[PDB]
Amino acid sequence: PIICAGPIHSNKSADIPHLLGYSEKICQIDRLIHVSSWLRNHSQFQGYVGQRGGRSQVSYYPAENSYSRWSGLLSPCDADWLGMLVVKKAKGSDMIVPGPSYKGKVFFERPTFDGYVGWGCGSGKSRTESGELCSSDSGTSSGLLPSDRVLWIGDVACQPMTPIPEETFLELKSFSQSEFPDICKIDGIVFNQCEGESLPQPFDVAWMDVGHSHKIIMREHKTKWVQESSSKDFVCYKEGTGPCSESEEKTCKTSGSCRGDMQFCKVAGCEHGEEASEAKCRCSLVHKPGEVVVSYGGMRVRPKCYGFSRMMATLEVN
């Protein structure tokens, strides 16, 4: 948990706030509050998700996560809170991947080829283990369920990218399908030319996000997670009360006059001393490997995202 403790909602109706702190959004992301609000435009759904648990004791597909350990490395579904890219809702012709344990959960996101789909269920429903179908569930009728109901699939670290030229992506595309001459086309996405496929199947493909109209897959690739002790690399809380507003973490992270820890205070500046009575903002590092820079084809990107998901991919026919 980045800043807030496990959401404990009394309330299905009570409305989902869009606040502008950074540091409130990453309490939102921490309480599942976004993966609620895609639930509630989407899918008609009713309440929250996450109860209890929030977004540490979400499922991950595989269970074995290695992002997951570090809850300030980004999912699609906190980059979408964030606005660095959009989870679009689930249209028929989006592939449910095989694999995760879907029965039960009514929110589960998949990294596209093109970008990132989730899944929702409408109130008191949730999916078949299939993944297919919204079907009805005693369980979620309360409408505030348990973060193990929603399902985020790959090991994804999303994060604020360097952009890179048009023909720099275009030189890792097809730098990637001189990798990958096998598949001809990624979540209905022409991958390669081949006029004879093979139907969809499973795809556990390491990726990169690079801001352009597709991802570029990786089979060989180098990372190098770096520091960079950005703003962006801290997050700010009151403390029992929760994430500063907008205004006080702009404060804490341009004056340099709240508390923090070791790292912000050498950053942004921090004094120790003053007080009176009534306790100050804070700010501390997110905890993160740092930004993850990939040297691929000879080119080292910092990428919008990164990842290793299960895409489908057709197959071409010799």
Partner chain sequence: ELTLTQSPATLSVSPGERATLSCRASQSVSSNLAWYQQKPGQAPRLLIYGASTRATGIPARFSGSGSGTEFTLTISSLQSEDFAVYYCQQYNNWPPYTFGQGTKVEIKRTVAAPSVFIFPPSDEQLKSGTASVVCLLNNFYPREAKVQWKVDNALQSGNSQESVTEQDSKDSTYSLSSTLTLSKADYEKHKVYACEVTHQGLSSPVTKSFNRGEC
Second form
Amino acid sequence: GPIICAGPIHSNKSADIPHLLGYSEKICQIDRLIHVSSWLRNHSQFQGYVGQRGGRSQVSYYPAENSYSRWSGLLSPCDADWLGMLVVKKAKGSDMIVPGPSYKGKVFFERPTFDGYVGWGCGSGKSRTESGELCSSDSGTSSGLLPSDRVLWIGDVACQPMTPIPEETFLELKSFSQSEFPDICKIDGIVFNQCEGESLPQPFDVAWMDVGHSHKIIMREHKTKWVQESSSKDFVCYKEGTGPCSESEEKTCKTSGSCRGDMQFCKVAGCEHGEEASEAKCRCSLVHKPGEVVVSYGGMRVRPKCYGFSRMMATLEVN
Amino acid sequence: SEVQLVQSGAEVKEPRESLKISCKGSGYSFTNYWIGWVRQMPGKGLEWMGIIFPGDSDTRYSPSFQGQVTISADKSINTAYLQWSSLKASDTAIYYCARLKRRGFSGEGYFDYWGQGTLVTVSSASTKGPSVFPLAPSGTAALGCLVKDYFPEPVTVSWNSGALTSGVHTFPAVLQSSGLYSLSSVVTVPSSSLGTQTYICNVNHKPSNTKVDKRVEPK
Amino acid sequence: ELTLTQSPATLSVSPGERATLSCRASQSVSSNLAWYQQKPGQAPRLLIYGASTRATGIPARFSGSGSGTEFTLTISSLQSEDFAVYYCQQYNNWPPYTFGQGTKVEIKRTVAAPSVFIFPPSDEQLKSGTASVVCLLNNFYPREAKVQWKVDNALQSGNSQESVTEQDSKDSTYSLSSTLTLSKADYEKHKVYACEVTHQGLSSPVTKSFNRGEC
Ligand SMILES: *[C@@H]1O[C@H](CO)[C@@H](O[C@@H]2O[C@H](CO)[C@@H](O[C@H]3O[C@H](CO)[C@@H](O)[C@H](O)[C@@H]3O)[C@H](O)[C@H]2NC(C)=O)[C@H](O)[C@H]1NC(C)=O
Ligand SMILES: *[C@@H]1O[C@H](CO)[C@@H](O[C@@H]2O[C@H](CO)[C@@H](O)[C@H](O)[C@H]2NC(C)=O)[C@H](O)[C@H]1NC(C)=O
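Cool, the form deposited without the partner chain is there; where's the form deposited with the partner chain bound?
Time for the whole complex; same chain goes first.
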């Protein structure tokens, strides 16, 4: 289900996509896949929208049995991009498309890579071939009001506001990863260990975290703990049936203790209920997720920007 | 063990037919508590019909139902009953049984545990599959399907074989005076898709083993 | 000589707020008053007996008060499962077990005007010998709406039926269909078929119409 807003029923492909300043306003655009729509328009000159009727909850995932997608409040890379936390960059010819997903008919797909996040788009009237390598014309996409299953998010991924770590901690994490995967040479074309002879690039499923430096920390043995911290971004503010509150309304609810709220919002930021002369006022409620994830790895505890399990392309040592 | 009242299943009868529905009590001393029956006509409130004390089969009826129904009990099988000699169309309703809890000499008791209810449908019609008619269109537009003259409930309605679910309203069936049901299912669509998108409503009536796919087109 | 009057018939209230429902007996029933809850699609269940005693396993946010003729059911902070119908019941005087007519507790939202559409009968239905004209009111709030059929300006009664959805899970609105049914012969002796809709969200009534056999 959605964080705030049920799936869009757009009426035309030409409607503009406004920039919205409020957090809950942004969340509602995310619920409606307006951010992926905006990405496609910027980068592929796509016309219109993805997510018609279905919204974010009906996106396709690889693998399809996807743990974090069950929690509407966990952010995907595209979600985090819209919130300014990272950038899903337009794919270049050198970015490798992983085998496994069902690419045929897709209009957008995205995967984490070793050093970032990459998206592949299609222009108006086109969709992806079975291999994902090319866009071909597809009469099923002519309306420009496309369903959510045309959007493919690769990986079991959760993004979250990060607690930055110093370079010294990154370099010790990085050395621990190297010691855990001594046979890997490159990942997604990025040197991981020094090698001479190497395999061809191969699909590689791995746990990883993005800790905000030059590349991800990939992990074999690691521990995670989820704790609900009830920070201000863990709540959204809306009115029943009518969508997100404005930026200034949201700021009032999350600073003054004077708005309606669910129990956890009352418990943390304060709430006031009843009475009113007329019209329902703003309410804030807890976003549905396990909380904030802390990763134990190599003797360190880190609150990463993103954490996930997903497929990348790796070469292996040959000797 | 907790108190449970389990009623018999839904009934479909013709006018002037007889009908006996049942309510089986478990988890308590059956002979020692009144059992009541409560009628709920479609879209209306609750009306008390009568009570029976299974210990000695003493009965009390509301004046509204006295002489119209008979309430009985069989304590050998912990079951209470409600029955009609000759049903009318206006007996279509949900019927609940409920156990009466008495506390003292001042009042008459309240209903502390309820059965799940028995739907009774009275129509002179026999099993019949629906006719499906387009609601032709007509920013956004509305289109739909009129699913008319079927019996009994239920029909199921989907759009584009289930690919289209958001923005659909399938209204509750109405039991017409002909004894047949009718409903409409409508959906909101972009006007610009009228003529480029195909909209088909799939209507399935299991009691008549009928499936109908109806394409809904402009003009 | 014994009525139970519940007010209001529909209580529109926001999640987390306190709700107060009242029951007035036309004559004293002491404390012998019970409250029942009926959730959508479910059987009623006891909430309160003896005017103020909460039944076993009922959440603590439900309380009842009163004695004599004026009774209250209070829900201290409404949860999503509390939007339901509530019935009061008298068990003091014969004929006992008088039920109130019910108070529906529904989700409050800003007024939303219906989008109104009219649908003429299909050729396929006309060739079956009957004609159904459908008027659709989509996604409005509150529930109260007036739909009147005019057949060349003559107001119709007795040949129409309405059907309404439940309050929608996501946007908390209602939708409504009104179906006018005529014989084919009756359909064909009139020209103008019109649906006229009155609703709080509309500054003035809205009429949707067509002419038999023209577009
Ligand atoms: C598709 O292109 C859009 C145009 O570049 C881009 O929108 C731009 O997004 C940025 C980042 O969110 C906004 O940046 C600034 O907005 C306000 C001022 O209005 C500042 O207070 C913020 O701090 C922020 O710096 C731009 O306003 C916005 N521009 C427009 C014209 O909308 C989209 O982000 C692109 N889509 C994707 C998926 O990247
Ligand atoms: C495409 O759809 C949008 C959204 O409905 C239209 O924008 C609305 O237009 C109506 C008038 O037709 C205005 O009253 C609304 O205020 C507009 N809403 C917004 C959010 O802008 C848009 O006009 C449509 N485009 C075309 C070409 O019809």
